[PDB]
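Form solved without its partner chain, single chain, as structure tokens, below.
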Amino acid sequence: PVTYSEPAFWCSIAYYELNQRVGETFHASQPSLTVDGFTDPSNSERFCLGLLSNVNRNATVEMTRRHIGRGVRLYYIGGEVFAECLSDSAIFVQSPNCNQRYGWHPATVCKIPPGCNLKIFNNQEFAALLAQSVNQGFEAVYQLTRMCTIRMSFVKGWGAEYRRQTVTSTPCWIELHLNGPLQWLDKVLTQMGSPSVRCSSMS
């Protein structure tokens, strides 16, 4: 059985405008980085969304992109990940790991006002969930990828209360993948066998 090597990048970030992916995926090699609305294309610690083009872009998205500003600072201390709102506008985070910690609904979206920060991920909690997931079968273990994913919207909120009901309805959002947790999940997933119900070649 297989070999693992420590991820060179602790996370990857994908930017979206509504339901469309925009720009290349950003890979973070440093423990602290900022996703902002500016234009430096060569800072390994900055994912600058302002330089990303989209000929198909609409006015609402353009308008919102102008308010990203300093955006969000993403960093980790030990086994915990945080998101700090550097922007003059708030950011909205949907983190299953965070939501479960507070007993909130899994799809809960938490508002992080300017100047505030939130613990979007805790490894201990994830490791514990992963450990108990085995007794649930391939089914539950496979779905844990969602716990390694965190989505955040700049300026516009979505979900309960807000008119916008889904992340794809927001003008500017990012999707963060925590690579360490994903590798941890892989070590378990590869030993959980295959699904129960049969998937034919024709249906």
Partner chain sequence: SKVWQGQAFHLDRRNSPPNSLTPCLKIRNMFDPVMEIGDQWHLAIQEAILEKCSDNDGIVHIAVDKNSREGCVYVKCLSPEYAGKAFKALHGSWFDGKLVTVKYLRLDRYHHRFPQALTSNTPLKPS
The other form holds:
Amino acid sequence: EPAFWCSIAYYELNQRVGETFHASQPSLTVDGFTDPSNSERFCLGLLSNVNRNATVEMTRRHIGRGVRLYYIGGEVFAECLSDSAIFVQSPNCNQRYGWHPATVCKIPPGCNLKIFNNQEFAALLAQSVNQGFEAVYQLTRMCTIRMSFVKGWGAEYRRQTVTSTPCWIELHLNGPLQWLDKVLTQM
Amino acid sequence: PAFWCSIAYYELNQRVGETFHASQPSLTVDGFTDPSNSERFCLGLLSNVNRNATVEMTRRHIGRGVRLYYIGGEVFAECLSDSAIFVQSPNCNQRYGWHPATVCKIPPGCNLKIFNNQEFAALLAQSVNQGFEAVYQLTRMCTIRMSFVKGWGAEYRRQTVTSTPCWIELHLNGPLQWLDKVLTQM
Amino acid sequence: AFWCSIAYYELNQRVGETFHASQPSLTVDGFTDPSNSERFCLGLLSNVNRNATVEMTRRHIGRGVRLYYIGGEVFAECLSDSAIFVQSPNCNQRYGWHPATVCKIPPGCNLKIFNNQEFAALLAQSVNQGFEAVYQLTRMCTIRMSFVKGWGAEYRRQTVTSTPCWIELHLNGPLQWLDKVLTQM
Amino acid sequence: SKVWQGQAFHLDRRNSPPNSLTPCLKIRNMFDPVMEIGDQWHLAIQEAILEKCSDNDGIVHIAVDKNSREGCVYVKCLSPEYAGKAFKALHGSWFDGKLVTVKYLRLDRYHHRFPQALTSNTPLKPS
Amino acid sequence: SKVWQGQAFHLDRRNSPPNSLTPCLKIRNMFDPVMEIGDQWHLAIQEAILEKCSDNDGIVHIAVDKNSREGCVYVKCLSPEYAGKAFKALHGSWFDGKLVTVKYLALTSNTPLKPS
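The structure above corresponds to the form solved without its partner chain; please give the structure of the form deposited with its partner chain bound next.
Zooming out: every chain and molecule, the one shown earlier first.
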């Protein structure tokens, strides 16, 4: 419905790095290489950071081919093409399987994970309008997916917050955000 | 000057989100989550990993936000929020003879004339005789800063705009372009 | 589409949006034109953490630096009344200097800051040297310059992050060629 | 292609029941029946379950639902404790590039759907 | 504006050889033959070299390559040491808006040349 089905912001620890990437096509790859003018690849290897430390420098060498994000049939999937694992925190996915909303799920190389389903969010949007304003307001976090390369964060890892991982991205799902907006304005 | 204005959103002393460029004469800065409307700058979808609790509360009160319209060489600010907005516009303050740093509270439903093009153009022509530095300092006339919900100044505990939880910065690309035409030739 | 991208810094904090060069000629000055595809005007960029030293330095940027891309070569011309200081590893390679050498460009002077084919030759020579040699070539696709004040073995400030006003140039052409090699490594 | 590729997380409060309720397990996303040919393929999935649970001595019957569009495999153990130890080795694990999740299933429903499990009390092991 | 406008850096290992090995120098980027008129201009470049090295008494031969689009000037000195002080006055210097670099390289001339 909007021009870009998602927007991605890349971070290094607690600092944002580079411009915002807007996905023009249904499929997308976030790699650590250096192509600056491909609408299908979000290349992180070209982005500079004058406060970058060594651990981030080492982590960026292992991003490799990175993660593939594609949006088909009202569903978006994340497939780990890197030789290192990626770690996804998707509240819509955790909702579907009944996990804690903050659950981080590791995707090993060659694996694939359904990180978001439109109909499930649309159903939760309809269930939450009945619950009041705050219930619909808190749904903004459902439109956001955060994933990190190589290193994960949570109660199992030494890094406790996503701001402690050396390389991570944040996805905004513009489709759901627009539907959430149209409900919020009329309430 | 394809875009008559550019808006930058801040949270305390940190910039948040991309810069919004106004393509149409009418524009709204609200706290909702529409990401692809060329007439609305929605702040509720923008993330901030350094967000504190006080900022979180303030953003719930932005609501419909502020209305910015540019017609007949004049710019206006209309408060659609249920909380007040606080504008620091040197062009407005100069016109009424107040201190250039004066912030003016706009209650809900109220409207304030924040900028006049010809008035700025006249002050630009009057200042060319006053030297280079006098003309360069006119960049502050092309910038307007406003804060949501809570204000800053000599009456409030907050002294600087970097202490308010949610504020924006407006760039008037029209006036900036003319100021460039004078600044380069000096 | 854009032969280069420019990012402006103040000390170790970035300021303003990224500028994308659509035309062969470009100037980075301290004036206030916000909608010229050939000028990157720094005078409109705000910074709420800007100190006095940076504010004064931006007064001396003036007409600034001219960057133009002709015949597969990129040149830097100092239009300011103060000097500019360019750190271009591709230029240092051509003359056999230390890759980190900073060279002052006085007002009215001109410097060949990049040659495409020389980078292409070093790109092919570095494939023979391993992965680390090829990935480290990202620093060759980046050129950094500072206004008014320089940094290096001659100046008091040791790092470019200590200069009050500096920019970082990305050459998208070489980056694309480097990508085609990096993916296949 | 059908190989185990680690866990998605460490199993605990946030993703698993507190303790095993039933000696039967429902395991989904182990295969995709639309892309399977013939009647022999089910053995490879059965062996894959037993290799991942090689330490467990309680599994006495495993059946795959060939018609299961979700790729569901059902496992019967001797005791709920043995089904609990099969849970920790299977839930949240990656197999054939897909994420495997496990739910506990009542014994009557297992016997109602697979009456062959009635006369299975001998532990199974991988070949 | 064919004048010297300072150095691009301080001369040392990271941009210059350790010590002079040869009494011969290669000097490039001194001119642009496309923008030069006639056959008289080459003397002005020769004079520009000699004034920049006015304290030096060892320079005994200068030849400029009029066809060199690279702005090449060749200089032979009496001793490698005399070429070393001509190196330090020429390498990394700005002349006529171009940066001048120096490389080490009528056979026998012994009288020193000096600026007019």
